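So the chains spell out like this:
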Amino acid sequence: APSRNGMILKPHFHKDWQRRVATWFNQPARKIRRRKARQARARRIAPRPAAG
Amino acid sequence: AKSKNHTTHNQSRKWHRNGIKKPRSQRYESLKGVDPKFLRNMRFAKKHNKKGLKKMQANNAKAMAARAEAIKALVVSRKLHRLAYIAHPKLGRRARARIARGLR
Amino acid sequence: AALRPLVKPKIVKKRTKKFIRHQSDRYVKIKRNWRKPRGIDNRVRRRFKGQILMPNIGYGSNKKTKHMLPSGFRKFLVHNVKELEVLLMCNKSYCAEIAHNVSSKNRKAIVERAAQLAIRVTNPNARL
Amino acid sequence: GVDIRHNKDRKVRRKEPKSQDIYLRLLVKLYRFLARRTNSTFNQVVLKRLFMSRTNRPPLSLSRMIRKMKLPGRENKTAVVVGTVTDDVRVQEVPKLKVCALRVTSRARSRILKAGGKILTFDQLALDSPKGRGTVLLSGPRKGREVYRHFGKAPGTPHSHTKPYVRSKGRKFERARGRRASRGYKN
Amino acid sequence: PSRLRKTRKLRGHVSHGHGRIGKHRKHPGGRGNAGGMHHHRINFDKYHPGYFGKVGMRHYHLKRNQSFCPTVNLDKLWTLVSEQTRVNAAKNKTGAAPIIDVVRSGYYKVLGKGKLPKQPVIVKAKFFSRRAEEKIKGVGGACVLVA
RNA sequence: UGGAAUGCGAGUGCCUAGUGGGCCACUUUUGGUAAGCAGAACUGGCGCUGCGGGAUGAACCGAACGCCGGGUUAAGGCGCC
RNA sequence: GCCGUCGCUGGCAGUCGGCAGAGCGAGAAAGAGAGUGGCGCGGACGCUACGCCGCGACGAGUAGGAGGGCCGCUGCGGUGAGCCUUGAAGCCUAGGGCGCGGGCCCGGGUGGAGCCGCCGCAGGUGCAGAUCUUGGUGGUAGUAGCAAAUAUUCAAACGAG
Ligand SMILES: [Mg+2]
Ligand SMILES: [Mg+2]
Ligand SMILES: [Mg+2]
Ligand SMILES: [Mg+2]
Ligand SMILES: [Mg+2]
Ligand SMILES: [Mg+2]
Ligand SMILES: [Mg+2]
Ligand SMILES: [Mg+2]
Ligand SMILES: [Mg+2]
Ligand SMILES: [Mg+2]
Ligand SMILES: [Mg+2]
Ligand SMILES: [Mg+2]
Ligand SMILES: [Mg+2]
Ligand SMILES: [Mg+2]
Ligand SMILES: [Mg+2]
Ligand SMILES: [Mg+2]
Ligand SMILES: [Mg+2]
Ligand SMILES: [Mg+2]
Ligand SMILES: [Mg+2]
Ligand SMILES: [Mg+2]
Ligand SMILES: [Mg+2]
Ligand SMILES: [Mg+2]
Ligand SMILES: [Mg+2]
Ligand SMILES: [Mg+2]
Ligand SMILES: [Mg+2]
Ligand SMILES: [Mg+2]
Ligand SMILES: [Mg+2]
Ligand SMILES: [Mg+2]
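Sequence order for the protein chains is L, b, e, Q and a. Counting in the authors' numbering, the first sequence runs from 2 upward without gaps. Reading the second sequence from the start, the letters are residues 2 to 76, 89 to 117 in the authors' numbering. Counting in the authors' numbering, the third sequence runs from 2 upward without gaps. Counting in the authors' numbering, the fourth sequence runs from 2 upward without gaps. Counting in the authors' numbering, the fifth sequence runs from 2 upward without gaps.
Derived by calculation from the structure, the hints in this document are not laboratory data. There's no promise every hint is true.
Unchecked claim - With a Cα cut of at most 25 Å, we get these calculated BS3-like pairs of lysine-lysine:
#1 12/Q with 15/b
#2 71/Q with 116/a
#3 18/e with 65/e
#4 67/e with 37/e
#5 114/a with 164/Q
What the hints assert, rightly or not - Simulated restraints on C-beta separations:
#6 54/Q with 100/a: 45 to 51 Å
#7 89/e with 55/Q: 46 to 52 Å
#8 30/a with 24/b: 32 to 38 Å
#9 100/b with 142/Q: 53 to 59 Å
Using N, Cα and C, we set each Cβ at its ideal position, and we do this for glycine too.
Full structure from sequences and hints, please.
Structure below.
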């Protein structure tokens, strides 16, 4: 039931959304994986530009 | 399953819990509702009220200078009446001193 | 040789008995701690006659003699010797009560200090 | 018993600020002293405004402080504010102004000082003029907040120009029935 | 912080802040925006007027960047250039007029709302407004277009 | 001479729970033979409210409640309980 | 008389001391103002101003709301030169008390290794009920009962029986 005054907001939570939840607890654990493979690449190409 | 149909029992007391207040009487009430042709001409009157300004001062300052020759042409018992005068903090200062000196 | 207070006023208490909980007598699951009865048909919270009483704010103690033991002193938990010097300039109005855990080897050298400082201890013969 | 009603016994004014900062709780100490120990109803207004929430003391613009200090008569006075003095980039000339506010944004300190005005604080003001003689109290617009556009008569009501709460605004977001004289009605 | 919430003062009261007569049942009005036309009509008409129906033309493959046109008003037009460009034209005497390029700042259209300072300008912009161009002539200045 | 009396600080703004089964009484009152019945109006109550009285008692009479001492009452009472 | 709430948008930075002079309760808008001419070395308390002090009025309450909890539970960052095998947690207690209360502190006992006060932080945080869940135990009660199908008796042996 709507209250006195507010928005007509449509929440898109009518599917089983708790099953397909994606949490970013590995975001700091992948920034280090990317940076590590970025320096393994900047060491594999020795004098060539690091950006490509 | 018959239920009570209608009543006004508590209503005259809910109305007065926060009082019944007459509306907010302001000066300069709105001009919505007034007839168009009249309220169309009142706008033409205001739109041109400035057109007679330099002539309006010539009379306001006139009757204000004339305000000079206007105005510069005209220009319970004796006991408790004397005690209520000695007992005045300001007016009785000297009737009080006249008594203080009295005992010398 | 009792350590008298500064002034010993008359202590008056508006009620002495505890405030037992409604129906803490018919049952053992209902402890004596007070719980304001909130039931609809309850006879205690309607303040009927001859029933249990309720802790109003009217029973409050005189602020002049609130928290004041029958020895005319207020109180203070003391966990070690160092917490007495905190109390040495409140000597004639507050007392010390060595904690329950302070062993007897320290509690002896606490009552020892409080004797010099003239601070009164409520449990000076505690453990021994 | 007495037949009074305690509906309104508790006046709801602010006895003290709700913030816990100590550079405000010291100003409120100094001005609570001036407020009670002087007979100037200026300090009482400054004190009563130091309590007010961040939405009741709004920001001032440099331009609104210009046009409120250009009014004839009030020259060589100190413009007191209790909120903050924000900049107003749509003004080109700035005179010299003696000002006293709680905050002055880092681009309004520039303009005022390059003009040649002073920027006092509330303690400097309290030392300059304790009773607050020579001052001009100001306060920014309070109905400026976008919040005050949804307040009033509810929308969908004859002559209620109140803004509704809508997810987005567009062709097909509350434009169909209670607005068109065609589709249904309009107010 | 649960220790600050309202369910910590609601321990011991039977209905937990929700009513003895009318309980706190699950959905006693339907779920969501249900009954927008039947039993929540006073609310969908007192507070969301115009929520029901169609209006206007559809536009299937709308791309929000064909209609990109951010505007800047004349009042804050002089804020796009540095300060030693507006005052250098004050101290200037050879009548030179600084070129304010707007599409370089990030606006396409120039609307004329504010007053202007009395000095010439050359406003390069993509779209101009009638009044924005008249307030520029009336001060002396040119409205360059840039495709 | 702030243009009757008496009284009293007012005005305004957001956010908002619970409620949307009611019942009783004086007086007026509709249906019904009537009902501790069904239905309205005004005010006061009970509900949400103890206390003294009515032996007893939701609603009657008095009177509304912080915890206490003295004094005096209301409505009811004063052979004995 | 005492407690509390509300109001006075009350009072107190003036503890202005031998660099002193101790006042702002009194019916009457405003200075115990300036200048310009006719011995003995002395004086309680206070003020965590989120504190302290003074005045009046007030004090019902379901559903509901709000505040204040130096009420309580478990962990986290700090901090108590914290407490503890000279005895921690837990539990018991006709012992002493505090607080209107939630609750708390001491004494005695038991126990054998961990625990708490404060300032903040966090929450799976407080039970009398839900024909609640799991476990334990009572009155009933030494009671109902040990009753379908005919039947047992004597002597001896083994054996503590
Ligand atoms: Mg609701
Ligand atoms: Mg809302
Ligand atoms: Mg009904
Ligand atoms: Mg019942
Ligand atoms: Mg009831
Ligand atoms: Mg009373
Ligand atoms: Mg009340
Ligand atoms: Mg209220
Ligand atoms: Mg309640
Ligand atoms: Mg329920
Ligand atoms: Mg609620
Ligand atoms: Mg409901
Ligand atoms: Mg719900
Ligand atoms: Mg229908
Ligand atoms: Mg119902
Ligand atoms: Mg009836
Ligand atoms: Mg009926
Ligand atoms: Mg009910
Ligand atoms: Mg009521
Ligand atoms: Mg009653
Ligand atoms: Mg009878
Ligand atoms: Mg009496
Ligand atoms: Mg009798
Ligand atoms: Mg109350
Ligand atoms: Mg026991
Ligand atoms: Mg947990
Ligand atoms: Mg249980
Ligand atoms: Mg048997």
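These are the hints, each one checked on the structure:
1. 12/Q with 15/b: holds (23 Å)
2. 71/Q with 116/a: Since the Cα atoms of residue 71/Q and residue 116/a sit roughly 18 Å apart, the hinted pair holds (cutoff 25 Å).
3. 18/e with 65/e: holds (21 Å)
4. 67/e with 37/e: Judged against 25 Å, a Cα distance of about 24 Å means the pair holds.
5. 114/a with 164/Q: Distance ~24 Å between residue 114/a and residue 164/Q Cα, so the pair holds.
6. 54/Q with 100/a: 45 to 51 Å: holds (47 Å)
7. 89/e with 55/Q: 46 to 52 Å: holds (47 Å)
8. 30/a with 24/b: 32 to 38 Å: holds (35 Å)
9. 100/b with 142/Q: 53 to 59 Å: The hinted range 53 to 59 Å holds for residue 100/b and residue 142/Q, with Cβ atoms some 57 Å apart.
Of the hints listed earlier, there is not a single one the structure fails to meet.
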